[PDB]
Every structure is written in C-alpha cells, then in structure tokens.
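K.L.:
Letter by letter, the chains look like this.
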Amino acid sequence: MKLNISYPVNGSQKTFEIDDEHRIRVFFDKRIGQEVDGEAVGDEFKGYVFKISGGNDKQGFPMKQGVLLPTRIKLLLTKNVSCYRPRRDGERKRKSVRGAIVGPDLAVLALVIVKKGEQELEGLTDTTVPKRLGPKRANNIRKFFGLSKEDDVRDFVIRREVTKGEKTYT
Amino acid sequence: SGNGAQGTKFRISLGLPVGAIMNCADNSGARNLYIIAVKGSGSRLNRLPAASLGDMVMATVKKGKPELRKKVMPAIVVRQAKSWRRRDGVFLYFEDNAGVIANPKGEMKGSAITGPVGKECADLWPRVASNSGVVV
Amino acid sequence: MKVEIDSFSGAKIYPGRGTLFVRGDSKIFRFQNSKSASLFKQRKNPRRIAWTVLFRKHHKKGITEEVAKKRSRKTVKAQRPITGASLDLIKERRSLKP
RNA sequence: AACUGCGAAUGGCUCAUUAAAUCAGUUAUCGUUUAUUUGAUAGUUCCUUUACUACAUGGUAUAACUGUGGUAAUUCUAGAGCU
RNA sequence: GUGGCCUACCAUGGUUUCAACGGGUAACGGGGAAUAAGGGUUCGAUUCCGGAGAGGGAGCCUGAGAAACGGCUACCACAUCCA
RNA sequence: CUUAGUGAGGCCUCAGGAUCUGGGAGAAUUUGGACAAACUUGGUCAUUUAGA
RNA sequence: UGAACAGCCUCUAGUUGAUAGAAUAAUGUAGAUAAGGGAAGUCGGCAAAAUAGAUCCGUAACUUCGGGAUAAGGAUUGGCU
RNA sequence: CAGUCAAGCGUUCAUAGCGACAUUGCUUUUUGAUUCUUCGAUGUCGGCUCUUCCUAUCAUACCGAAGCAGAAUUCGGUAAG
RNA sequence: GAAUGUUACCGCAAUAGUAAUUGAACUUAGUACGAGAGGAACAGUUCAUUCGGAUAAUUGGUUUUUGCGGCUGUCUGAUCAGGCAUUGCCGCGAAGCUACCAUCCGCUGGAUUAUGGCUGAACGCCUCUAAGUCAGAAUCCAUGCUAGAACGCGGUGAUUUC
RNA sequence: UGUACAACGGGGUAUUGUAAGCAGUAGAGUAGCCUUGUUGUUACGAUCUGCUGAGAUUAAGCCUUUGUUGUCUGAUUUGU
Ligand SMILES: [Mg+2]
Ligand SMILES: [Mg+2]
Ligand SMILES: [Mg+2]
Ligand SMILES: [Mg+2]
Ligand SMILES: [Mg+2]
Ligand SMILES: [Mg+2]
Ligand SMILES: [Mg+2]
Ligand SMILES: [Mg+2]
Ligand SMILES: [Mg+2]
Ligand SMILES: [Mg+2]
Ligand SMILES: [Mg+2]
Ligand SMILES: [Mg+2]
Ligand SMILES: [Mg+2]
Ligand SMILES: [Mg+2]
Ligand SMILES: [Mg+2]
Ligand SMILES: [Mg+2]
Ligand SMILES: [Mg+2]
Ligand SMILES: [Mg+2]
Ligand SMILES: [Mg+2]
Ligand SMILES: [Mg+2]
Ligand SMILES: [Mg+2]
Ligand SMILES: [Mg+2]
Ligand SMILES: [Mg+2]
Ligand SMILES: [Mg+2]
Ligand SMILES: [Mg+2]
Ligand SMILES: [Mg+2]
Ligand SMILES: [Mg+2]
Ligand SMILES: [Mg+2]
Ligand SMILES: [Mg+2]
Ligand SMILES: [Mg+2]
Ligand SMILES: [Mg+2]
Ligand SMILES: [Mg+2]
Ligand SMILES: [Mg+2]
Ligand SMILES: [Mg+2]
Ligand SMILES: [Mg+2]
Ligand SMILES: [Mg+2]
Ligand SMILES: [Mg+2]
Ligand SMILES: [Mg+2]
Ligand SMILES: [Mg+2]
Ligand SMILES: [Mg+2]
Ligand SMILES: [Mg+2]
Ligand SMILES: [Mg+2]
Ligand SMILES: [Mg+2]
Ligand SMILES: [Mg+2]
Ligand SMILES: [Mg+2]
Ligand SMILES: [Mg+2]
Ligand SMILES: [Mg+2]
Ligand SMILES: [Mg+2]
Ligand SMILES: [Mg+2]
Ligand SMILES: [Mg+2]
Ligand SMILES: [Mg+2]
Ligand SMILES: [Mg+2]
Ligand SMILES: [Mg+2]
Ligand SMILES: [Mg+2]
Ligand SMILES: [Mg+2]
Ligand SMILES: [Mg+2]
Ligand SMILES: [Mg+2]
Ligand SMILES: [Mg+2]
Ligand SMILES: [Mg+2]
Ligand SMILES: [Mg+2]
Ligand SMILES: [Mg+2]
Ligand SMILES: [Mg+2]
Ligand SMILES: [Mg+2]
Ligand SMILES: [Mg+2]
Ligand SMILES: [Mg+2]
Ligand SMILES: [Mg+2]
Ligand SMILES: [Mg+2]
Ligand SMILES: [Mg+2]
Ligand SMILES: [Mg+2]
Ligand SMILES: [Mg+2]
Ligand SMILES: [Mg+2]
Ligand SMILES: [Mg+2]
Ligand SMILES: [Mg+2]
Ligand SMILES: [Mg+2]
Ligand SMILES: [Mg+2]
Ligand SMILES: [Mg+2]
Ligand SMILES: [Mg+2]
Ligand SMILES: [Mg+2]
Ligand SMILES: [Mg+2]
Ligand SMILES: [Mg+2]
Ligand SMILES: [Mg+2]
Ligand SMILES: [Mg+2]
Ligand SMILES: [Mg+2]
Ligand SMILES: [Mg+2]
Ligand SMILES: [Mg+2]
Ligand SMILES: [Mg+2]
Ligand SMILES: [Mg+2]
Ligand SMILES: [Mg+2]
Ligand SMILES: [Mg+2]
Ligand SMILES: [Mg+2]
Ligand SMILES: [Mg+2]
Ligand SMILES: [Mg+2]
Ligand SMILES: [Mg+2]
Ligand SMILES: [Mg+2]
Ligand SMILES: [Mg+2]
Ligand SMILES: [Mg+2]
Ligand SMILES: [Mg+2]
Ligand SMILES: [Mg+2]
Ligand SMILES: [Mg+2]
Ligand SMILES: [Mg+2]
Ligand SMILES: [Mg+2]
Ligand SMILES: [Mg+2]
Ligand SMILES: [Mg+2]
Ligand SMILES: [Mg+2]
Ligand SMILES: [Mg+2]
Ligand SMILES: [Mg+2]
Ligand SMILES: [Mg+2]
Ligand SMILES: [Mg+2]
Ligand SMILES: [Mg+2]
Ligand SMILES: [Mg+2]
Ligand SMILES: [Mg+2]
Ligand SMILES: [Mg+2]
Ligand SMILES: [Mg+2]
Ligand SMILES: [Mg+2]
Ligand SMILES: [Mg+2]
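Chains as they are written, first to last, in PDB author numbering: chain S6, 1 to 170; chain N3, 2 to 137; chain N4, 1 to 98.
No wet-lab data here; the hints were simulated from the structure.
One or more of the hints may lead you astray.
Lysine-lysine pairs mimicking DSBU-like chemistry, simulated, CA-CA at most 30 Å apart [what the hints assert, rightly or not]:
#: 1; chain 1: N4; residue 1: 2; chain 2: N3; residue 2: 83
#: 2; chain 1: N3; residue 1: 120; chain 2: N3; residue 2: 64
#: 3; chain 1: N3; residue 1: 83; chain 2: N3; residue 2: 71
#: 4; chain 1: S6; residue 1: 2; chain 2: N4; residue 2: 2
#: 5; chain 1: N4; residue 1: 41; chain 2: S6; residue 2: 74
#: 6; chain 1: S6; residue 1: 149; chain 2: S6; residue 2: 116
#: 7; chain 1: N4; residue 1: 12; chain 2: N3; residue 2: 64
#: 8; chain 1: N4; residue 1: 70; chain 2: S6; residue 2: 64
#: 9; chain 1: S6; residue 1: 143; chain 2: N4; residue 2: 60
#: 10; chain 1: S6; residue 1: 167; chain 2: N4; residue 2: 91
#: 11; chain 1: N4; residue 1: 74; chain 2: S6; residue 2: 116
#: 12; chain 1: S6; residue 1: 64; chain 2: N4; residue 2: 61
#: 13; chain 1: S6; residue 1: 2; chain 2: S6; residue 2: 167
#: 14; chain 1: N4; residue 1: 60; chain 2: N4; residue 2: 41
#: 15; chain 1: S6; residue 1: 2; chain 2: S6; residue 2: 95
#: 16; chain 1: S6; residue 1: 74; chain 2: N4; residue 2: 91
#: 17; chain 1: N4; residue 1: 2; chain 2: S6; residue 2: 74
#: 18; chain 1: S6; residue 1: 14; chain 2: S6; residue 2: 30
The calculated label-pair distances, taken between Cβ atoms and stated as ranges, are [claimed, not checked]:
#: 19; chain 1: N4; residue 1: 44; chain 2: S6; residue 2: 82; range: 19 to 29 Å
#: 20; chain 1: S6; residue 1: 26; chain 2: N4; residue 2: 74; range: 41 to 51 Å
#: 21; chain 1: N4; residue 1: 87; chain 2: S6; residue 2: 107; range: 33 to 43 Å
The C-beta atom is built at its ideal place from N, Cα and C for all residues, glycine as well.
Let the hints inform the model, and build the full structure from the sequences given.
P.N.:
So this is what it looks like as structure tokens:
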C-alpha cells in the first residue's frame, strides 16, 4: 500500500510505496490515533513515530475516526462531519465509510509525524515550506508577535511583494 | 449447468431434491419454483436428482400468475440454505431455497433478482451477474 | 488470510472454521462454532449472555489498563512566516517586546 | 473562488384519491402561530460595592487557498499547512 | 393553540324512514358551459378562486413557513452506469 | 380496506464516549418508546372474468 | 399438583418375589435423535411426525333450524408484588 | 431373429440403404401341441433387494461402408471391459 | 487351531481375487468443409458424473460425559445439597462413531482384435498372406493392489541340566 | 529396581456460562415499635449487583508431570 506521511512541524508532505507484507502488517489492527514506531516499517524511518491520521481503501472510500470495524459501513452523515459536505440546508445523506481500523484493503494510509528518527527523510525534514497567510485580525497580530495594546499594529502586518514585471508591488 | 453456462463449477453440496420448492426470486409473476428435474444430473437406481447453487433445473410454477402455471420451464437455483463449502474452508448457507426462471440459453424472465445471490451462481450465468444486487 | 470474529460472541474465527449465515436482508453473520450460532438462532441477546465480548464491553469487565494513562505528545515551535513577504524580515521585526 | 445572508414553501403541471370531505355563501379565534412590509418600542446588563472588571473594542476554528492522496465511476472526498 | 388530538379514571352515550351506515361514481368543488316561451334538462379534467399530488406508502431535516419531493431517509414497484 | 405474524427508517428517550476542550461538547455504538413503511399468511368489499 | 377416583410424587400398610456373573460383536426387540429437501418411498402416508389444557377473539358451505362447530384462523399463560 | 436367388425400390443405377415371388435356416423371455417328472404337496403373480451370466450391442473404445462436402445420421467389423 | 525339534524375527510368491467409469466448459475455432445456412476434431487446460478404498483438520449428525446450566410436579421442616417421574422435561454440550451432509487418494508397461499396411509369390501380371512383417482397441498378459498354499518356500536370532 | 508401572495430586487442554457464602443507597414493594422523624429505626420482598468469565466436570480410547503413596519370581509347557 501507499503511505501519505505529513511533516506538520515543517508543513511538508510526501508519499511512499511499500510492498512486503510483514513490513506493512505493522499497521494492521492499529486504529486512527494509535502511534507506530518506525524501524518496523523501514530503516530510513528507524525511530520516526507515526500517529495514524486517515486514509482511503481501494474504490476510494475514506476512513472515519471513531467507527471501529475493519470494514465499510453505510452511515448517515450531517453538517459538521467527515467525508460529508452537505449540498443544502439541513441536508443529510446516506454514504459509505471505511473504518478507522487499518487493513490490507487500503491503498493509502495517512500518517502524521510526531517524533523524528535518527535520520532525515528527504522530502520531509530536508525541505521546509512556508505558512501561506499571516495574521489579519488586530489582536492576532499582537499574539503572533507579542506587542502589548501599545505598540500599534499597522506596521507589524505582513507585506507580500509581487512584480508587474518592472513594477514590484506591496 | 450445461447450455450457455460459461465457466465450470466446483462441486457444491446438493440441497434440492426433485420436488423441493424454492422461492421465485425474480419479478416474473412466479411465487415459487417446484423442481422436477436437474440438468446434467446423475443416474443411480433410487437417487433423486438434486439441485444446488447455480445449477439449472426444470420447474413448474405452483404459485403465480396463471399464464405462468401448469407448464415446464428452465430455472436457476440462486440461493441454497443447505450449507455447502468452498475452496477457502468456509461453510456458508443462505436462509432460503430460491431460484429465478430462465431459458435454455440461461437468460432470465424478470428484470431483476430480489434478495442476495451466491457468487458461484453468478460467476456462472452472466445475466444473473447483471440482475444481482448483493452477491454472496 | 483474515481472522474473522463471531458476530454473536466476538471470538476470532481462524481460517476454514465455523459457519457463515447470509440472511435474507443480505446481512452476513459469522459464528465461530455452533454454540453461538444456535444461541443466535434462539434470538438470544448477547448483552445478556455473560461470556461474550459484547456482554463484557457493556458491563465494564476486566478492562483495567485501557482506562490507564499513556504518554503520547510532542513539542514543536518552528517558524515559516508568510509566503510572499520575506521569511527573513519576519523574525528580526519579530523580536517583540513584552 | 469561498464564507455569510436571503431564496429555493412563489411559480408552473395534473385531477388520482376525495360524497358531509372538499368546495360555496355565511361565520368564529373571549381558540392560536406568523418571515417580511409598515408604524411604534430600550439610561438599569459588573459586584461584599477603595487599592478593580480589555471598552482605545476580549476568543479560536475554518472555508476558499497552498500542497500531499485515494476510486472504473457522481456536484465523492481524506491526510496536512494557512486566514 | 381549541378539541377523544392522545393517556389515564369514569359513565353509557352518539346517528337513523325528515333515509343513518353501507355500496356506486367512466365524482375534485365553485366562478361557470351547452340548450333560447316559461318551468327545465345536460355538462364543467380544462385560462380565475379553493383543494389534493408529485411512481405508491411512511418518515423527517432545514426553516417564518414544507410532513416539501426539480429536499433527505426507509421500504414496495420500476429502472440506470461499472473495471 | 384489514386480523395475525415479522418489521425498515427517521424522530423522542436510558445509555456510549473515537476526540477536545473547559461539569460541557461530541462520532460509531446502544436501551426504551411513539410513529410506522414494508414482507408472509389469511380474511373482506368492489369490479372483472375462463369453462365441458 | 390438577377439572378429577387421570397421570406423576408421598403417609399408613405391604413388598423388594421374577437363575446368576463378565462383556457390550453382527442381526434383532423395545425406547430415541438426525443437516437440506419434504411422500419424490409405497398397493396405499403403512409407520412415525404434527396437533392438544385453559382464558380471550374469531368461525364457512350446507341444514331436518336441533346443527355443521374445539369448524377454520389467531393471541394469551411463570415468578414475585 | 437370420439367410440364399434377385424381379424390383432407390432421378439414373438390382444389392449405398431396401427387396417381391419363392426358398433355407435359427432361437426357446411367445403361444401352442404332448402329459415324461412331481397330487402321504417342488408355497402360487408383481415389486423390493441382490448376485451372476448370455449377446441377437442402447451407450462407451478402435475400426471398415455410405446415395459420408461439413455437422448430423446410417449399414457393417473387433467387442458384454 | 493339534501335528512335520522349540521359539522368535524378517521375508519369498504359487494359486486366487482385482477397477475404474462417463459427461461438459475453455481452448482449438466461428477454424478446416460449405453458395449459404450451417459447422467438427487430435494436442493443452479447468471442472464434473457413476464407481471404489480410505479418512475425521474442518462443517453437520448423534448425546448416559446423565459434563454444565435451565424448568415442572413432588418428598427430605427450612437452608444447603439432593431422591423419585422405565434416561422426567429444555438449551448447550467435549470424546467416539459418522455423512457426496464432511475430507483425502484411485498406477503404467507389453501383447494382440477388427482394421489399415510392408515385402511378396502362388499366377513372368496382380495381390496385406501363401512364407515373413509394421501399425493397431473400453480386449488380453503383465506392472500395481488384496489374500498368502493353515500338508509351497527362504534368510535370521536364541535355544532349557537339579 | 527404571526416560519402570500404577493410585492420586499438580499444570495444560476442553465443556458450561457465573458456585456456595457474604455484602449491598440495586428491588415493584410489604409489616411492626415509638422518640411520629427535616434519609426515624428494626427487620422481611421475585429479582439485581459485587467478590466471580466464577463454580463444577475434564479420560473413563485427551496432553503432561522432579510431587505423594504403592507395586516388581504365582501357574503351565516345550528338544534336532
Ligand atoms: Mg426404485
Ligand atoms: Mg445447511
Ligand atoms: Mg440490467
Ligand atoms: Mg451490483
Ligand atoms: Mg456438535
Ligand atoms: Mg446441532
Ligand atoms: Mg450561501
Ligand atoms: Mg403552487
Ligand atoms: Mg474550538
Ligand atoms: Mg389542545
Ligand atoms: Mg355501550
Ligand atoms: Mg342506542
Ligand atoms: Mg331513498
Ligand atoms: Mg376522481
Ligand atoms: Mg362533476
Ligand atoms: Mg374544474
Ligand atoms: Mg379523468
Ligand atoms: Mg378557507
Ligand atoms: Mg408518472
Ligand atoms: Mg414527499
Ligand atoms: Mg420534474
Ligand atoms: Mg415544487
Ligand atoms: Mg404496494
Ligand atoms: Mg476494480
Ligand atoms: Mg423498527
Ligand atoms: Mg418518550
Ligand atoms: Mg441501529
Ligand atoms: Mg361472465
Ligand atoms: Mg363464462
Ligand atoms: Mg391424583
Ligand atoms: Mg422368567
Ligand atoms: Mg423383570
Ligand atoms: Mg443376565
Ligand atoms: Mg440395534
Ligand atoms: Mg431430516
Ligand atoms: Mg429440517
Ligand atoms: Mg413444510
Ligand atoms: Mg404434495
Ligand atoms: Mg407405487
Ligand atoms: Mg414409485
Ligand atoms: Mg408415488
Ligand atoms: Mg388401493
Ligand atoms: Mg386397500
Ligand atoms: Mg398424506
Ligand atoms: Mg400395512
Ligand atoms: Mg397411522
Ligand atoms: Mg420435533
Ligand atoms: Mg366440516
Ligand atoms: Mg390452531
Ligand atoms: Mg406476565
Ligand atoms: Mg424370409
Ligand atoms: Mg425372381
Ligand atoms: Mg449403383
Ligand atoms: Mg452397383
Ligand atoms: Mg430403376
Ligand atoms: Mg446379393
Ligand atoms: Mg430348430
Ligand atoms: Mg426347442
Ligand atoms: Mg422372445
Ligand atoms: Mg403323467
Ligand atoms: Mg405338466
Ligand atoms: Mg413328495
Ligand atoms: Mg415342503
Ligand atoms: Mg412347485
Ligand atoms: Mg424349496
Ligand atoms: Mg404348502
Ligand atoms: Mg450415387
Ligand atoms: Mg452430406
Ligand atoms: Mg448439423
Ligand atoms: Mg472393421
Ligand atoms: Mg461384465
Ligand atoms: Mg465373459
Ligand atoms: Mg460405470
Ligand atoms: Mg467462438
Ligand atoms: Mg453464425
Ligand atoms: Mg453445398
Ligand atoms: Mg484416505
Ligand atoms: Mg465410507
Ligand atoms: Mg463433531
Ligand atoms: Mg438432544
Ligand atoms: Mg440436570
Ligand atoms: Mg420449585
Ligand atoms: Mg440463602
Ligand atoms: Mg421413593
Ligand atoms: Mg410409575
Ligand atoms: Mg424416561
Ligand atoms: Mg428451559
Ligand atoms: Mg459407534
Ligand atoms: Mg467432495
Ligand atoms: Mg465417494
Ligand atoms: Mg482424479
Ligand atoms: Mg494401483
Ligand atoms: Mg507402475
Ligand atoms: Mg506380455
Ligand atoms: Mg512390414
Ligand atoms: Mg504393396
Ligand atoms: Mg495368368
Ligand atoms: Mg493381417
Ligand atoms: Mg500369414
Ligand atoms: Mg495363397
Ligand atoms: Mg481400462
Ligand atoms: Mg499388492
Ligand atoms: Mg499347496
Ligand atoms: Mg486345515
Ligand atoms: Mg503359510
Ligand atoms: Mg516353493
Ligand atoms: Mg518358514
Ligand atoms: Mg528356517
Ligand atoms: Mg499400585
Ligand atoms: Mg459474573
Ligand atoms: Mg454466589
Ligand atoms: Mg465469604
Ligand atoms: Mg470399548
Ligand atoms: Mg503435588
Ligand atoms: Mg527324548
């Protein structure tokens, strides 16, 4: 199967493709939120601890933390729920869902790094990617920066450059 | 089995002796199928020919639209209930004896199949793969 | 090769074992052995039959160490700033004051 | 784009049920619900009540977005990073 | 919100030849239409008003307002695409 | 139309507590209900109708 | 207990009389149970299986109006308070 | 049940497949005829069961022939495993 | 099972019994053949029927395990634990037995038949036949399998003293 | 006279499905004495819960054992 590992300290992400039953089978009967030590999965990952986060089986259905079951069940979903985006005011729909319990029926296991291993992973700990948008509300600027209701914001806002070609704007 | 059955069929427990009555499971008119022969059956002094999953039989209809009664016609057992066993160790059984009426080519007479269907039956008659909801 | 479990009692069903019941509504029931499977056909309610997983789970039996604390949490504190506005000039001016 | 609000209960179509039902003309709400439109309508909100309570204005969590994905297939959508 | 709307307890009431109740209706009701001595007979699915339905039932979310269907959910009957 | 049997599903309610915050939220899950489609089997009323 | 002189258990009274011992083959006699089907068995449902008390509801053709009728078909049943 | 002659049937062509009049046989699950055995007793239809044998082979093995293009059939040989 | 010294172990094999069957789907191939309609087969593969010999991991059956639990009537004062109701009744019930209701396995060489042929005279030609000879069948004999001659046999061990 | 054999006992495995006892603010509820209760108290109540997946059975054709106890020359016959 495929592992979709995220590096959320750096905001990096990359997939990895793992054949070999015993290598995978470390994730089996593990649930969403359970932490996995890493040498079992490889020797690059030696050390790295993975908390299990989501992911899709074949045919593509998603997982859903809190179902138990290593099967699929057809559920009623609502607003404010996973794998459902309602098309209409108070619209509920009855949709299939895959269980939080990993099996070899999965194509992709979504993993979030919690502790780094003894070794760097290239597209994850080598590369770091910036947060897209910065503080906009008043006090939030005062908390990303720590300023007291004195320092007056205005100039502590972020200013994103971009060029007209020969006019570079702010 | 026989005419128009693409596939083989690994042997499965015979649960339907001639004279058994299986529910009619298609939207044809029929309420039941009463088995009178089994295609491809064997010969042994005093044995009854007996159908299982995805055999083709010959039944008359006891209960149903008069235009379907008092006459012989092909049929295909789609549900067993006398538990058989597969090449993966599992002893599985449905809750009812039931089949759908068909032709010698093995094409149905209704446009659907109500209830489930065993896989071995469906792996065997394409038109049953069509009309099936939940297989096994 | 999957171990299944008993949809009445809850016990692992190793390969080639027990009986599988495809009901009329197409809902499947796997029984490890004929004990559950007849207790099943007798319309018995597993939350009332002591020895079952479901009965226990519901009666809070033996669990002890699952309701015991664990230890899984990290400590981050890294910076990226904002895309488009110099990630260099966002830690110098971010020298703060109080 | 998306969020938020409002609308989608109007319109249009059909005459299947329906025989004291509907419908009609006539009443009743001293028997109740009402978005809206219209006109009115608000000094009181803290607390053992001098070493005071952000009012020069208190909180985060998300869409869109970036980026990583899954499925033959739908106005399917998951993991991650923002606001 | 009134009310056997429903539940408890309680009585034994309610309708009827001045036609109850039941059956039929190739019956939605009204404005109206056709037929011109008058009295009538026949008709109105159908452009306006009311009502009921969204393949048959039920159930409900959202909401000021729906038991809504160019909303959901279940079943029944249809019926579509596929790897 | 409807007895009896079986009974989906939403709703109300006893529980539940993947997680996630400050006693509360909250998914799978589940108890008890009212509502109740629907299947099986019968009955009934209306309207049809084959037949030596 | 229960409708009862029924069956089942008991007091009184009376028995414990009916060659014995060791095994537990085939076949039997007697008592039983079988997945799925369900009279296909057979001269024939022979045999066996199914039903069964009571409270309640419900009950057809036809009839000499007395019946047919426990017609048929249903629900119900402990304990304890 | 099987032959011999071969007038004929088979478009033509007697004998691929058939075959008149005649004539030669065989068989003993037909039915007769006989009355040898049993009337101081050979239990007397059918089925159930189950064994074995015959071949005048329905199928299956390998063949020759065809009025066998192919597919189907047909006549025939070795054959009762 | 007496008797061929005793006893024991390992074997040989006379004679005898013998067993496997039939179908289909794929593929061949929409192929050869045919104007067309139609429409095969050999090699290969997957399954099946009828039969046979085993076997009990599983699944099912069976229940005096009178093993656990449950229920009625009663008798032991109650309690506990029990007796009786030709195994009281009910659910579950290991073990064993057992079922195409369950699972596994069912060998390959030769010789020939019919029939097609080789060489070839009789008969200067011709002829599968006269001499000789090739190919040949669910047949036959073997291989395999079951007995093992209680008057068929072999190899081998130990063979007694008051 | 010993990797002996047996009777038990222990451990495994398996069946059933929570023992007896005691406890309880579980329990429709019910009695009795007043000091008539700002839980009055003493008991009693099918059932429920806890100790308790407990208790009971488990070779009689299951497995296994450092434990415990015991057992180990009766009879008949056979020769080329
Ligand atoms: Mg017969
Ligand atoms: Mg079965
Ligand atoms: Mg279709
Ligand atoms: Mg489908
Ligand atoms: Mg069993
Ligand atoms: Mg059983
Ligand atoms: Mg909007
Ligand atoms: Mg409208
Ligand atoms: Mg929050
Ligand atoms: Mg009211
Ligand atoms: Mg009255
Ligand atoms: Mg009256
Ligand atoms: Mg009248
Ligand atoms: Mg109408
Ligand atoms: Mg009208
Ligand atoms: Mg009108
Ligand atoms: Mg009309
Ligand atoms: Mg009105
Ligand atoms: Mg329509
Ligand atoms: Mg609707
Ligand atoms: Mg429309
Ligand atoms: Mg509309
Ligand atoms: Mg309907
Ligand atoms: Mg696929
Ligand atoms: Mg329900
Ligand atoms: Mg309620
Ligand atoms: Mg549910
Ligand atoms: Mg008529
Ligand atoms: Mg008529
Ligand atoms: Mg008595
Ligand atoms: Mg005697
Ligand atoms: Mg006696
Ligand atoms: Mg005796
Ligand atoms: Mg016997
Ligand atoms: Mg049976
Ligand atoms: Mg049965
Ligand atoms: Mg029946
Ligand atoms: Mg019948
Ligand atoms: Mg007969
Ligand atoms: Mg017969
Ligand atoms: Mg018969
Ligand atoms: Mg008779
Ligand atoms: Mg008779
Ligand atoms: Mg009968
Ligand atoms: Mg008889
Ligand atoms: Mg009888
Ligand atoms: Mg019975
Ligand atoms: Mg009668
Ligand atoms: Mg009855
Ligand atoms: Mg009661
Ligand atoms: Mg002749
Ligand atoms: Mg002549
Ligand atoms: Mg000719
Ligand atoms: Mg000629
Ligand atoms: Mg001629
Ligand atoms: Mg001739
Ligand atoms: Mg003769
Ligand atoms: Mg003779
Ligand atoms: Mg004859
Ligand atoms: Mg004589
Ligand atoms: Mg005579
Ligand atoms: Mg005599
Ligand atoms: Mg005699
Ligand atoms: Mg005689
Ligand atoms: Mg005799
Ligand atoms: Mg006699
Ligand atoms: Mg010719
Ligand atoms: Mg031809
Ligand atoms: Mg043909
Ligand atoms: Mg030949
Ligand atoms: Mg033979
Ligand atoms: Mg012979
Ligand atoms: Mg055979
Ligand atoms: Mg083809
Ligand atoms: Mg064609
Ligand atoms: Mg031609
Ligand atoms: Mg074997
Ligand atoms: Mg056998
Ligand atoms: Mg067994
Ligand atoms: Mg039993
Ligand atoms: Mg007992
Ligand atoms: Mg008692
Ligand atoms: Mg006690
Ligand atoms: Mg006694
Ligand atoms: Mg007695
Ligand atoms: Mg008895
Ligand atoms: Mg019981
Ligand atoms: Mg036995
Ligand atoms: Mg088999
Ligand atoms: Mg066999
Ligand atoms: Mg084989
Ligand atoms: Mg062999
Ligand atoms: Mg060999
Ligand atoms: Mg030889
Ligand atoms: Mg030669
Ligand atoms: Mg030659
Ligand atoms: Mg010459
Ligand atoms: Mg020759
Ligand atoms: Mg020769
Ligand atoms: Mg010669
Ligand atoms: Mg052979
Ligand atoms: Mg052998
Ligand atoms: Mg001899
Ligand atoms: Mg002898
Ligand atoms: Mg010998
Ligand atoms: Mg010899
Ligand atoms: Mg010897
Ligand atoms: Mg010797
Ligand atoms: Mg001893
Ligand atoms: Mg317990
Ligand atoms: Mg206890
Ligand atoms: Mg104690
Ligand atoms: Mg024994
Ligand atoms: Mg010990
Ligand atoms: Mg001497």
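K.L.:
Decide, hint by hint, whether the structure agrees.
P.N.:
Structure-based check of each hint:
1. Our distance criterion of 30 Å between C-alpha atoms is met by residue 2 (chain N4) and residue 83 (chain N3), whose separation comes to about 25 Å.
2. Distance restraint check for residue 120 (chain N3) and residue 64 (chain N3): the Cα-Cα separation of roughly 27 Å lies within the 30 Å cut-off, and the hinted pair is therefore satisfied.
3. Between the alpha carbons of residue 83 (chain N3) and residue 71 (chain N3) the distance comes to roughly 28 Å, so the proposed pair stays at or under 30 Å and holds.
4. Among the hinted pairs, residue 2 (chain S6) with residue 2 (chain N4) is consistent with the structure: their alpha-carbon atoms are about 20 Å apart, no more than 30 Å.
5. Restraint check for residue 41 (chain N4) and residue 74 (chain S6): the C-alpha separation of about 25 Å stays at or below 30 Å, so the hint holds.
6. Between residue 149 (chain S6) and residue 116 (chain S6), the direct Cα distance comes to roughly 38 Å. Violation of the 30 Å bound is thereby established for this hinted pair.
7. The suggested pairing of residue 12 (chain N4) with residue 64 (chain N3) is violated, with an alpha-carbon distance near 44 Å, which exceeds 30 Å.
8. Distance hint between residue 70 (chain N4) and residue 64 (chain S6) is fulfilled; the C-alpha atoms sit about 23 Å from each other, no more than 30 Å.
9. A C-alpha spacing of about 45 Å is found between residue 143 (chain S6) and residue 60 (chain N4), which places the hinted pair above 30 Å, so the restraint is violated.
10. This hinted pair checks out: residue 167 (chain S6) and residue 91 (chain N4) have alpha carbons roughly 27 Å apart, not beyond 30 Å.
11. Of the supplied pair hints, the one linking residue 74 (chain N4) and residue 116 (chain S6) holds, its CA atoms being roughly 10 Å apart against a limit of 30 Å.
12. With a C-alpha separation of about 27 Å, the suggested pairing of residue 64 (chain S6) with residue 61 (chain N4) holds against the 30 Å cut-off.
13. A distance of roughly 46 Å separates the Cα atoms of residue 2 (chain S6) and residue 167 (chain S6); the hinted pair therefore is violated under the 30 Å criterion.
14. At roughly 26 Å between alpha-carbon atoms, residue 60 (chain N4) and residue 41 (chain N4) fall within 30 Å of each other, so this suggested pair holds.
15. Simply put, residue 2 (chain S6) and residue 95 (chain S6) have alpha-carbon atoms about 24 Å apart, close enough for the 30 Å limit, and the pair holds.
16. For the given pair, residue 74 (chain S6) sits about 50 Å from residue 91 (chain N4) by alpha-carbon distance, which is inconsistent with the 30 Å threshold.
17. Between residue 2 (chain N4) and residue 74 (chain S6), the direct Cα distance comes to roughly 22 Å. Compliance with the 30 Å bound is thereby established for this hinted pair.
18. About 22 Å separates the Cα atoms of residue 14 (chain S6) and residue 30 (chain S6), which keeps this hinted pair within 30 Å; it holds.
19. Residue 44 (chain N4) and residue 82 (chain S6) have their C-beta atoms about 35 Å apart, which leaves the hinted 19 to 29 Å range violated.
20. Under the hint 41 to 51 Å, the C-beta atoms of residue 26 (chain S6) and residue 74 (chain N4), about 21 Å apart, miss the expected range.
21. One distance hint, 33 to 43 Å for the beta-carbon pair residue 87 (chain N4) and residue 107 (chain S6), holds here, with the actual separation near 36 Å.
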